[PDB]
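Read the single chain below, which is given as structure tokens and is the form solved without the ligand.
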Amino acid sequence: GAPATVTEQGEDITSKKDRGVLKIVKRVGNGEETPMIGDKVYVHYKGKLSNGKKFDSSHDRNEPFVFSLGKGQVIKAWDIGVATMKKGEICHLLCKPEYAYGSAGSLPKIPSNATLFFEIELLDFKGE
């Protein structure tokens, strides 16, 4: 399925080349511009654990998730990955725990040492 495919066929987008964050572009977005550091970014997403269970979804909440890019307001894989996206892009990200929740995990449903799968849509970005 899609997690296996990004694991085996994804591109390493880490600056250290440690394969901690792998990406596939699923829907090509608009133009060439990506957000810059500090921009307000608006995403839709769904996340799954490596046991197959959904752990989160903005679609199910009927509202996007909004954060300022490159500020550590989200897991490292998201700061790194969303920074590569175009407006309108949909991607898959495969995130090793060092770029996610590490040994701590995150209650209620993310265990320790968890590799995570996300589908992310970059809806919009704007400077403040």
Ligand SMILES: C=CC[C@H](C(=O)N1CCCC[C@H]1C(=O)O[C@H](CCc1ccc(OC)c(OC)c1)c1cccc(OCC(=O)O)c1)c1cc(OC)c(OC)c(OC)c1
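Residue numbers count along the first chain shown, from 1. Under this definition, the rigid core comprises the largest set of C-alpha atoms superposing within 1.5 Å between the forms. First, how it differs from the form deposited with the ligand bound.
- Comparing the forms between the two forms, the C-alpha position of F55 differs by 2 angstroms or more, with the core used for superposition.
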Contents of the next structure:
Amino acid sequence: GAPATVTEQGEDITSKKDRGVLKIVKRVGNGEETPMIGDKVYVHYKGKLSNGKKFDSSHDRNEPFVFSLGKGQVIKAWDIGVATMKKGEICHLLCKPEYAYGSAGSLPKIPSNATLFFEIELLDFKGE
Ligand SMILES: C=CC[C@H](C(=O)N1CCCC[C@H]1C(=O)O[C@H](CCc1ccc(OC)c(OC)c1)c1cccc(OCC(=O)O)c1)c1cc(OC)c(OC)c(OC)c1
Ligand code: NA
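To complete the pair, please output the form deposited with the ligand bound; the form solved without the ligand was given just before.
Up next: the whole complex, starting with the chain shown before.
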């Protein structure tokens, strides 16, 4: 399925090249610009534990998910991965625990050492 495809074909967008954040573009966006640290980003997404459990549809097409990029308002994998997106782009993002909740997890929802998968659509972004 989609997580396996990102394992096999995904691009490693980590600084360390440790495969901790793997990406596939599923729909190409518009233009060339991608958001800078401090930009406000507006997203629709859905995600899960990579093994299918704990599905999150809270922002799948209803109210946008909003945060300021590169400020640690989200897990590291998102500050890294949403930064690479164009407006209108949809990507698949596979996130190892060191870029997500680590060995701590976020119990009971996220277990210790969990890999996460997201389908993310960047709707817009704007300067601070
Ligand atoms: C299948 C994945 C679960 C998903 C998740 O991991 N997400 C949500 C979508 C963005 C990526 C990731 C996330 O970053 O979630 C945070 C959790 C809180 C948080 C933020 C920063 C952290 O480190 C810098 C961190 O370490 C523990 C914990 C999140 C959830 C909801 C919103 C949010 O930001 C936008 C906002 O506050 O509106 C951010 C999620 C979704 C949640 O609510 C929809 C969560 O709150 C109950 C949640 O808590 C752990 C986790
Ligand atoms: Na806002």
